[PDB]
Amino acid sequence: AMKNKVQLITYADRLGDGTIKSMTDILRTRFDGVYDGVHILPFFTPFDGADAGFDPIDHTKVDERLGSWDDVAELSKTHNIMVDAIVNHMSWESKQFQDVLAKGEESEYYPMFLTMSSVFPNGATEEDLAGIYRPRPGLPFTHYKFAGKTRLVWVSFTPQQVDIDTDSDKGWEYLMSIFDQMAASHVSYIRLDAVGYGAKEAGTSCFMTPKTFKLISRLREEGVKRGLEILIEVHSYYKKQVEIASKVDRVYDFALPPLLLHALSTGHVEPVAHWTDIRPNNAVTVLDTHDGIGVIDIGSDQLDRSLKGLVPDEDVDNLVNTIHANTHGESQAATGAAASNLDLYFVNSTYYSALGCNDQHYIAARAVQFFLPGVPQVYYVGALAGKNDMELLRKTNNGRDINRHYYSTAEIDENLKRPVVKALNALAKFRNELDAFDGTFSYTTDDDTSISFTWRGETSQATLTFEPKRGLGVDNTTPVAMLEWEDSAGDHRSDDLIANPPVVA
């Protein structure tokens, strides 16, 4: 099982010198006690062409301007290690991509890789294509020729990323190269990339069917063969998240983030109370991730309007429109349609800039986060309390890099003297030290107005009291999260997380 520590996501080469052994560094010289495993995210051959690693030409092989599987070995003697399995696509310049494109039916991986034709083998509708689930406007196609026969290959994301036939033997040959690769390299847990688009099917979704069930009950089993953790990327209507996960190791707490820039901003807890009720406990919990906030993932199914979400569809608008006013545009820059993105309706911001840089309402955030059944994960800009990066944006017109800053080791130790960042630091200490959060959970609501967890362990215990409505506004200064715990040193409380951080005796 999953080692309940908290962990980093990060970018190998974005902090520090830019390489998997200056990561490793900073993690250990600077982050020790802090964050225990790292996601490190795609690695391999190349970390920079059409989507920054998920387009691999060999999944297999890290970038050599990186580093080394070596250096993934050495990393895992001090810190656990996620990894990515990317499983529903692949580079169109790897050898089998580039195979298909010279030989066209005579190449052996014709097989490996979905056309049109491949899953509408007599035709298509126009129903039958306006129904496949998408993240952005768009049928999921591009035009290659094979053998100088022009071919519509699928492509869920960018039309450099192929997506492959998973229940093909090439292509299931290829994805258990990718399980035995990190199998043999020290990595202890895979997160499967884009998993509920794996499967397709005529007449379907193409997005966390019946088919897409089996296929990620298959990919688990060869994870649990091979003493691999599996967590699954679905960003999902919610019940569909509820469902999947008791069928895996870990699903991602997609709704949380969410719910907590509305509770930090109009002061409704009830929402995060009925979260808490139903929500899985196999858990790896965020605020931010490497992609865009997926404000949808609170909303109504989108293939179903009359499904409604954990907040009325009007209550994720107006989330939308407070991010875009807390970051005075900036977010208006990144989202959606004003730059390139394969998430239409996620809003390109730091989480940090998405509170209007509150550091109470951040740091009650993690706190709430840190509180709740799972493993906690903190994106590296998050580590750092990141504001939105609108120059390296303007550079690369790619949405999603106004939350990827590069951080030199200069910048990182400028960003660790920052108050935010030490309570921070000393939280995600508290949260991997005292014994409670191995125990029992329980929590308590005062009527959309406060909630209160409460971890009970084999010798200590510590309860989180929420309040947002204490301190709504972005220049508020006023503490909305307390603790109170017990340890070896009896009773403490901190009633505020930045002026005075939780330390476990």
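Positions refer to the first chain, counted from 1. Superpose the two forms; the largest set of C-alphas matching within 1.5 Å is the rigid core. First, how it differs from the form deposited in another entry.
- With the two forms fitted on their core, the C-alpha shifts between these two forms stay under 2 Å for all of 375, 287, 248, 190 except 248.
- Superposition of the core reveals a Cα shift of less than 2 Å for residue 408 between these two forms.
- After superposing the rigid core, the Cα of residue 80 is displaced by less than 2 Å between these two forms.
- Comparing the forms between these two forms, the C-alpha position of residue 344 differs by 2 angstroms or more, with the core used for superposition.
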Second form
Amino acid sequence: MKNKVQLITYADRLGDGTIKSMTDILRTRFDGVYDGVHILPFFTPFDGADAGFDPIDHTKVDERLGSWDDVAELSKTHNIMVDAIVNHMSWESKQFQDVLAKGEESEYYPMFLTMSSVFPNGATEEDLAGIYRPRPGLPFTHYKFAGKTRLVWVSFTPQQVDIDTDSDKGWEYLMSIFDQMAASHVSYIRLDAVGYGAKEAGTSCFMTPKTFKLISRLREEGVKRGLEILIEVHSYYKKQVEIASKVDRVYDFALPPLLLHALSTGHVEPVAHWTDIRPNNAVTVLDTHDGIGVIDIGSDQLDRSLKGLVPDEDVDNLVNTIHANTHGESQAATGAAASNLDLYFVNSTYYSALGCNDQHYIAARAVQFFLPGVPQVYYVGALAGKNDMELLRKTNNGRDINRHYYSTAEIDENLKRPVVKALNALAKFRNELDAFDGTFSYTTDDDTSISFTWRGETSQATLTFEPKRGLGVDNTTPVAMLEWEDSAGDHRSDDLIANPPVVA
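And the form deposited in another entry, for comparison with the form deposited in one PDB entry?
So it's only the chain below, everything else dropped.
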């Protein structure tokens, strides 16, 4: 996967509301900045319950957004990452409606998982109890096949029915999706809910062998079409390092909350630790289109005894430091869990989570870009955006606080801000200097300082990071220093907003 910075955006929430308008904004206002892009699901429909992840037809672009040819057009300039939902589909898909009508008789009946599919001899209490759940209850709901009442496997909502991926119709279906992906020249595929995709009795049905088997099968099928695979997994971090070894790429989900901590406190050990132990076949992010996941660095969900990269109190003080820095907006948006070790995500923008502090933000981005992996930026953070309370109050959907519909006017108006210009400058720097295609080294003091070093062929760079040097939401003291070597020799930057870095 190309080592240039990628952008993450909705088609309709950046520009006029379309794939072409998106491509326009991307080409005209971001050239050299984002050389690649991740387009969040654009299939039929895009405006549903879960904002694209519950398509009715995965194979077809929403005709309000565009077509496949808009995708193919965009492939010529930019590398493109797209979503493939491999675990489930709409109960309003023709395939499932057909099973509903004809029951066993045909033809899609085997495509779909039931309790009998996995558990032909019954299930124990322990059988069902041990299953990993992103959502509450049992992963089963009631539906009627022809006339007979059936329990159908459901991982997330009763509306998204789980496919048996080892079956022929199920595989035939996933391959209809890849074939269309390759036809429009997608580079990179995000495999969604793939952790949950393989069910075997007596297991947690989450990241078991049968699942790796499925992933490697999908990998080989992808490389055959020139598609690299990427898995999205929120879990206990040791499982993450476990998983990460046996696949091509993964998200780095630890770093954003880690940076929130360090900018909050000034303790950098945890980060020197993560730098030492993190998997480097990664995609790095700060913000995504879901909330800030705190479960990643916390204690394990099933067994509270396995402790993260900080104490449970420091996770509590993180959820509450966000709540405080945004003066209660995340409270409005994050539904209360009665405790903070029970939270998955804290819904807020990563600018707001910093109390709209520019020095802290830009430092965070710097560190993200210095660590090994391919960096991604989300449109809202590319625009350094604040929490949107109107939509949140419009839709009552927590995650909409971090998804703002940006018209072109708003983009060009937010483009004027110095922090936005510093971020742009910094991506361009990350893209143009060849030192990053090189080798990575790091140094730490104890707590006060960490230095990240890259050395390439014609060029060198080092970023030193000291959150102790200034503290607090309104503190304007630069916490990151930069030095580098290129055609023009040894250069330096002690403030990354006012004195942004350029290459020769």
